[PDB]
Amino acid sequence: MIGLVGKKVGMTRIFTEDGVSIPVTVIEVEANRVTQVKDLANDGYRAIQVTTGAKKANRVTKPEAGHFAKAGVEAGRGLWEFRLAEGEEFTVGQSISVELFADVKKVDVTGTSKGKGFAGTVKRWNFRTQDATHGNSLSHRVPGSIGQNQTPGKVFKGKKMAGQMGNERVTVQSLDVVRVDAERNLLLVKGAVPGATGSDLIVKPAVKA
Amino acid sequence: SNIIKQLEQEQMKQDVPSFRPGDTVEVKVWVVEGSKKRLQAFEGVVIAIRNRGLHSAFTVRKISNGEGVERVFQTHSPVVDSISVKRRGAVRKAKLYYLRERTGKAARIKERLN
Amino acid sequence: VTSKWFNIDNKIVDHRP
Amino acid sequence: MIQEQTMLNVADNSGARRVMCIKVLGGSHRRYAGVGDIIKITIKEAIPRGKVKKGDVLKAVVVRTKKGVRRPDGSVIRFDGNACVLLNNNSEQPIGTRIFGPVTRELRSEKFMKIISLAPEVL
Amino acid sequence: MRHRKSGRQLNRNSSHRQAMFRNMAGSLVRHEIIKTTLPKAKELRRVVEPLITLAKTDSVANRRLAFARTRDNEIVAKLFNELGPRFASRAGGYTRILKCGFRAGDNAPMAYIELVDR
Amino acid sequence: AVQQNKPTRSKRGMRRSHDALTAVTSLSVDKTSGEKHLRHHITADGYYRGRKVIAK
RNA sequence: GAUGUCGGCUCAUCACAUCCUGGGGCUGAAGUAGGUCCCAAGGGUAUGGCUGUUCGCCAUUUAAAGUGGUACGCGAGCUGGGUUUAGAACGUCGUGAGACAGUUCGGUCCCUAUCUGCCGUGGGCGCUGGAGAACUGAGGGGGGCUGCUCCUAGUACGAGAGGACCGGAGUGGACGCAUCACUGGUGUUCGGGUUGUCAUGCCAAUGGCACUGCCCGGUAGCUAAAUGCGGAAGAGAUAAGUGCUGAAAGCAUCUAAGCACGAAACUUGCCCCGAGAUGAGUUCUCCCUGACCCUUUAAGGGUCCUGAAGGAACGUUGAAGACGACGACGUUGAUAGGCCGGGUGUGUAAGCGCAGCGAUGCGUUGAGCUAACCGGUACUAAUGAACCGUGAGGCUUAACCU
RNA sequence: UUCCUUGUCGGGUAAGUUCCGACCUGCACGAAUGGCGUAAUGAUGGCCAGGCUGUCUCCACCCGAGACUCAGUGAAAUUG
RNA sequence: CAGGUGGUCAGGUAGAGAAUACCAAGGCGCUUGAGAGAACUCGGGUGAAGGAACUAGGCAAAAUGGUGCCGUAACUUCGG
RNA sequence: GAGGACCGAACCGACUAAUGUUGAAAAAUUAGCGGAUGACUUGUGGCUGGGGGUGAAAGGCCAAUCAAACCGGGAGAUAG
Ligand SMILES: N[C@@H](Cc1c[nH]c2ccccc12)C(=O)O
Ligand SMILES: [Mg+2]
Ligand SMILES: [Mg+2]
Ligand SMILES: [Mg+2]
Ligand SMILES: [Mg+2]
Ligand SMILES: [Mg+2]
Ligand SMILES: [Mg+2]
Ligand SMILES: [Mg+2]
Ligand SMILES: [Mg+2]
Ligand SMILES: [Mg+2]
Ligand SMILES: [Mg+2]
Ligand SMILES: [Mg+2]
Ligand SMILES: [Mg+2]
Ligand SMILES: [Mg+2]
Ligand SMILES: [Mg+2]
Ligand SMILES: [Mg+2]
Ligand SMILES: [Mg+2]
Ligand SMILES: [Mg+2]
Ligand SMILES: [Mg+2]
Ligand SMILES: [Mg+2]
Ligand SMILES: [Mg+2]
Ligand SMILES: [Mg+2]
Ligand SMILES: [Mg+2]
Ligand SMILES: [Mg+2]
Ligand SMILES: [Mg+2]
Ligand SMILES: [Mg+2]
Ligand SMILES: [Mg+2]
Ligand SMILES: [Mg+2]
Ligand SMILES: [Mg+2]
Ligand SMILES: [Mg+2]
Ligand SMILES: [Mg+2]
Ligand SMILES: [Mg+2]
Ligand SMILES: [Mg+2]
Ligand SMILES: [Mg+2]
Ligand SMILES: [Mg+2]
Ligand SMILES: [Mg+2]
Ligand SMILES: [Mg+2]
Ligand SMILES: [Mg+2]
Ligand SMILES: [Mg+2]
Ligand SMILES: [Mg+2]
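Chains as they are written, first to last, in PDB author numbering: chain BD, 1 to 209; chain BP, 2 to 115; chain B5, 8 to 24; chain BK, 1 to 123; chain BN, 1 to 118; chain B0, 2 to 57.
Honestly, the hints are just simulated from the structure, not real lab data.
Wrong hints could be hidden among the right ones.
What the hints assert, rightly or not - Sample of chain BP residues at the chain BD side, in silico, Cβ under 10 Å:
1. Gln7
2. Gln12
3. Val28
4. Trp31
5. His56
6. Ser78
7. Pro79
8. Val92
Claimed, not checked - Every beta carbon over 12 Å from chain BN, so not counted as near; a handful from chain BD, in silico:
9. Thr16
10. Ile22
11. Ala41
12. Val60
13. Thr112
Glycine is no exception: its CB is placed at the ideal position from the N, C-alpha and C atoms.
Starting from the given sequences, assemble the full structure and let the hints guide the process.
In structure tokens form, the structure reads like this:
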């Protein structure tokens with residue numbers, strides 16, 4: 001099934017009647033407007049393109065504005081696509097709301113994780129540090145060795161080294177849907193999802209069991 | 002965070018009594034022992050309060066059977082049945098973590114009287 | 008001038024006796 | 001959070017006063033034992049005429065820790081010190097006949113029903 | 001990381017920043033326009049503008065609080081007798097920064113910061 | 002560490018293919034003085050966006 | 001005219017002669033548990049006492065604590081305990097200077113990375129008019145571990161003792177990813193207590209310095225010990241093995257023709273990168289519809305007119321960031337600062353009054369102050385411009401319309 | 001000072017090639033190149049315990065000086 | 001040029017003091033600066049539960065720390 | 001009011017660690033460390049000269065040089 005595009009509002013808790021507290025993430029899913037439908041004839045695959053949110057008219061370009069005008073839709077903050085399974089059909093201009101997840105029990109949420117900048121090998125790869133005392137010389141959080149001698153005489157591809165951490169697409173799988181609230185456009189999932197507050201989230205029904 | 006705050010108001014208890022650190026309080030908590038649900042009492046001195054709306058919490062310290070026990074309750078959880086103040090104590094601080102090292106006659110808190 | 012300090016040190020120089 | 005080399009007080013009347021943890025049982029590379037977890041111990045100090053003597057190697061169950069236990073609503077229960085009850089090495093049944101101080105409800109399992117019943121109180 | 005932190009360290013330690021903005025706060029009050037580096041002019045708005053709102057209500061306690069932060073009785077006198085009454089109808093935004101060229105000695109980007117009615 | 006072979010005058014000017022300075026392109030004219038200045042900077046005689054901001 | 005040594009640390013990578021997990025044949029295999037051989041390299045594969053030790057012995061665990069290669073992997077990555085300089089002593093040898101893989105106590109470990117490699121991150125050009133988005137997935141990488149309890153069932157098996165396969169459910173250990181609602185750590189940008197001294201004329205109240213003077217609390221952010229999730233199922237083709245039918249060879253025979261099963265190994269399925277995939281792909285939308293001259297007549301050159309979509313630059317900045325880059329905003333404006341309202345933290349300010357001889361207490365009073373938070377608000381700064389980018393986009397052939 | 005050798009027995013430890021007490025089979029102790037004791041002393045060697053701790057399990061955050069960017073000045077070993 | 005260099009002078013408040021903290025008279029701010037707020041290095045601050053499990057070895061850190069009074073063992077060369 | 005007595009600044013040293021190692025420095029800096037009325041320490045001048053001096057003895061020191069100083073000469077020593 002297709003998913004929806006939301007926005008991370010924050011985390012909170014839900015107290016249950018038997019004294020359990022469920023940590024939930026609040027995801028604001030406003031209506032997603034279908035702006036283009038792709039089919040096997042013209043495009044080679046089946047998918048829908050949706051937009052959501054609002055954009056100020058002075059910041060939408062002419063190429064983008066004419067794309068929305070052909071669909072008969074108001075400009076949103078972006079465009080996303082979802083592959084259509086066999087037996088699903090949509091129409092341009094149709095709106096899709098969070099009630100689509102009314103009977104869904106688990107979801108998968110993908111977003112962009114928080115950016116940690118340039119991180120070292122201890123933070124990025126859980127490398128053990130070396131001794132703090134006992135004679136150590138300027139080598140307290142350095143990576144250590146990176147290869148063997150003359151054979152192979154080089155460093156291997158995929159060696160674990162310091163570099164840019166975070167700020168990338170991450171998917172978290174099999175999160176329970178605690179509450180769908182169509183009147184306030186909310187979806188509450190159990191647990192934590194990637195990103196900062198106010199970031200875009202794509203929520204889809206779980207592919208595994 | 003208008004959305005979060007109004008999701009938060011609908012869960013908060015409305016009958017929470019006023020208390021501050023140093024007070025002797027008695028908290029009754031629902032315990033489930035198999036099939037039946039029962040109330041059990043925990044009485045001690047409030048040593049810390051965290052005020053954050055629904056995420057408010059408070060810590061109670063009691064000396065039971067020879068060993069001190071600190072329990073951190075969540076104010077608005079339905080495990081907490083009732084809170085009642087037995088005595089009002091007079092302290093200058095907001096956190097009474099210094100009571101952890103004191104014992105017996107050195108841990109006495111003077112009463113407020115006003 | 009004189010030799011570099013690591014070229015005088017026995018520990019560094021005398022590694023294969 | 002109990003690990004190897006932790007000293008624990010003893011919460012029964014078997015004769016030990018202090019015991020040292022020497023192995024956290026139940027897995028490879030296991031680090032910590034919480035409340036209700038079996039550990040292998042040695043006796044560091046004992047009373048003159050107890051059921052156990054100094055230097056013995058036994059099992060024990062942790063019943064109190066300063067780190068504490070979490071409850072499903074978010075609560076915590078912490079104590080002032082770490083305590084354990086000695087168990088028989090083979091049967092894993094308590095050696096003592098009394099229990100001192102409370103225990104918590106994570107001992108509520110068919111293994112430790114004799115501990116739950118002797119305890120002065122269960123939090 | 002630095003996520004959501006405020007303030008500039010300005011390559012000084014804590015006590016030397018505090019003294020430096022205390023001297024520059026008085027200099028702007030006394031002269032009503034000064035020339036400084038652009039990063040330092042922006043971090044000055046967060047020190048000098050809270051004093052002018054403190055000076056809008058004249059009281060013995062407010063004067064002893066402006067003194068504890070300026071340590072200059074000439075500055076405290078001018079804040080409460082001239083500036084506060086002068087800005088009594090303005091809702092924040094008591095200063096204005098105008099960028100000027102580059103300092104000759106080290107190419108620092110310079111700016112002028114002044115009170116809005118000068 | 003230090004080089005084993007002396008680098009060529011070609012490798013030296015390839016490394017410097019990125020060291021070029023870029024000129025200022027937008028030089029604005031003031032609306033009253035009619036003279037030039039950096040954008041968002043006061044003019045050399047104390048004007049900014051038509052008003053004399055500095056009597057120096 | 002120098003290729004630094006044993007062990008430890010850190011970080012690894014391969015082989016398979018397999019330690020565990022997986023699939024099987026035989027058993028002197030009743031069951032449980034084994035013995036032995038064949039297949040299989042996906043993942044996993046101890047902590048301590050002694051000792052310079054690798055090893056080994058011991059203690060206690062684990063599903064298991066594999067065996068080897070890599071300059072007995074790794075000192076321009078760390079150490080320097082042993083060995084192996086100069087000091088000194090013992091035993092022994094020598095007349096002696098001295099000697100001893102005999103022992104003992106002490107003993108300087110340099111390098112700012114040009115090239116290849118690797119980990120990250122940009123600029124140029126190309127992709128054949130220019131530009132803005134969304135994609136396809138060639139191809140590459142990540143992950144793959146397992147215990148115990150319960151049901152089946154005290155069933156099958158066994159004289160008893162003991163005690164299942166197959167299948168299902170729950171809960172852990174180690175590892176990984178994300179996050180900060182909770183429990184906490186930090187919090188030299190917030191509040192308070194307090195010691196010595198100096199100053200603000202003095203009292204009162206404050207400030208500087210003493211490591212943040214010393215301490216006690218603590219907001220945002222970051223974060224683990226906190227708490228969500230993951231390893232799969234399934235499919236395809238197989239390994240060892242098991243077959244069905246079936247001749248050669250009237251029979252027998254898994255094989256020769258033909259057909260079916262069969263494992264964590266392989267190809268997928270799950271996550272992430274990805275059209276410089278030069279084989280440079282697709283779809284949608286947006287913009288440009290002027291003259292003239294010249295030579296060497298051609299994908300030719302120049303002049304005037306024009307400057308589009310868009311881009312960049314500049315400015316206010318960000319949960320983004322070493323710098324670039326990326327994101328939002330620029331008055332038709334909440335982008336940042338201030339301000340206003342709250343929250344949070346600290347813990348009852350100063351002034352004044354009252355009680356006391358005085359320290360001090362009480363009242364006004366949960367007061368005053370309050371950082372990075374939340375909801376608002378054009379007060380201040382985000383300027384009219386200018387700059388780059390053009391003017392309908394080659395040839396050949398085919399198919400349609402003329 | 002003992003090669004065999006981590007001798008053997010006891011003590012200390014859950015576990016002690018080190019340490020302490022003993023035995024004597026002294027490869028290869030021994031009497032002023034002194035033997036055996038010894039109170040006090042030692043920036044002396046070895047071993048044990050209490051207190052204490054980021055040494056460690058297993059690291060997290062913060063404050064400064066560099067590293068990074070900008071303007072000025074401006075080296076070095078090395079090199080067919 | 002973060003080194004070396006004999007003699008004389010010798011204020012206040014606390015203090016035993018020429019130690020130490022803050023000051024006087026007096027003299028200086030050390031002849032590159034401006035930004036930013038990555039890894040990593042250096043110099044420090046704090047740290048949940050544990051507490052030498054680290055290591056060749058408690059290295060390095062942390063802890064103890066004053067004055068007055070009470071009290072203080074073996075051993076001894078009679079002083080400790 | 002004794003003492004190669006005790007604790008401890010100046011002063012004399014140099015036990016440990018980290019930094020630095022094309023250094024700030026051809027031996028230092030930071031934090032701790034030892035002696036501190038004596039076999040102490042220091043200023044000025046003097047004397048001992050190279051197979052020689054001096055040495056509480058390390059083959060140590062004798063002008064950043066020491067199992068035989070430095071300068072000049074034999075001297076273009078000799079070099080299978
Ligand atoms: N390594 C130190 C000490 C030293 C000086 N000269 C030496 C000669 C040899 C060995 C060490 C040294 C330095 O360079 O300052
Ligand atoms: Mg070094
Ligand atoms: Mg270091
Ligand atoms: Mg090769
Ligand atoms: Mg600087
Ligand atoms: Mg200070
Ligand atoms: Mg060579
Ligand atoms: Mg094989
Ligand atoms: Mg090797
Ligand atoms: Mg190497
Ligand atoms: Mg050595
Ligand atoms: Mg010798
Ligand atoms: Mg030899
Ligand atoms: Mg090194
Ligand atoms: Mg793959
Ligand atoms: Mg806290
Ligand atoms: Mg603090
Ligand atoms: Mg006073
Ligand atoms: Mg002996
Ligand atoms: Mg002898
Ligand atoms: Mg002899
Ligand atoms: Mg004789
Ligand atoms: Mg003799
Ligand atoms: Mg430069
Ligand atoms: Mg000097
Ligand atoms: Mg001197
Ligand atoms: Mg002094
Ligand atoms: Mg820093
Ligand atoms: Mg700690
Ligand atoms: Mg603690
Ligand atoms: Mg050890
Ligand atoms: Mg030490
Ligand atoms: Mg003396
Ligand atoms: Mg000396
Ligand atoms: Mg010193
Ligand atoms: Mg002394
Ligand atoms: Mg000698
Ligand atoms: Mg000399
Ligand atoms: Mg001659
Ligand atoms: Mg010659």
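Against the structure, the hints:
1. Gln7: At about 8 Å, which falls below the 10 Å cut-off, the nearest Cβ of chain BD leaves the hint on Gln7 (chain BP) intact, so it holds.
2. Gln12: holds, 6 Å
3. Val28: violated, 14 Å
4. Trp31: holds, 7 Å
5. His56: The hint holds - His56 (chain BP) has a Cβ within 10 Å of chain BD, the shortest such distance being about 7 Å.
6. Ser78: With a minimum Cβ separation of about 6 Å from chain BD (threshold 10 Å), the hint on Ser78 (chain BP) holds.
7. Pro79: Check passed: Cβ of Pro79 (chain BP) comes within 5 Å of chain BD, closer than 10 Å.
8. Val92: At 30 Å from the nearest chain BD Cβ, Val92 (chain BP) fails the 10 Å test, so the hint is violated.
9. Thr16: holds, 32 Å
10. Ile22: Its Cβ never comes within 12 Å of chain BN, the nearest being 27 Å, so this holds.
11. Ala41: Nearest chain BN Cβ is 48 Å from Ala41 (chain BD), so the label holds.
12. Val60: Check passes; 30 Å lies beyond 12 Å.
13. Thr112: The assertion about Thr112 (chain BD) holds, with a minimum of 14 Å to chain BN.
Going through the hint list in order, the structure does not satisfy hints 3, 8.
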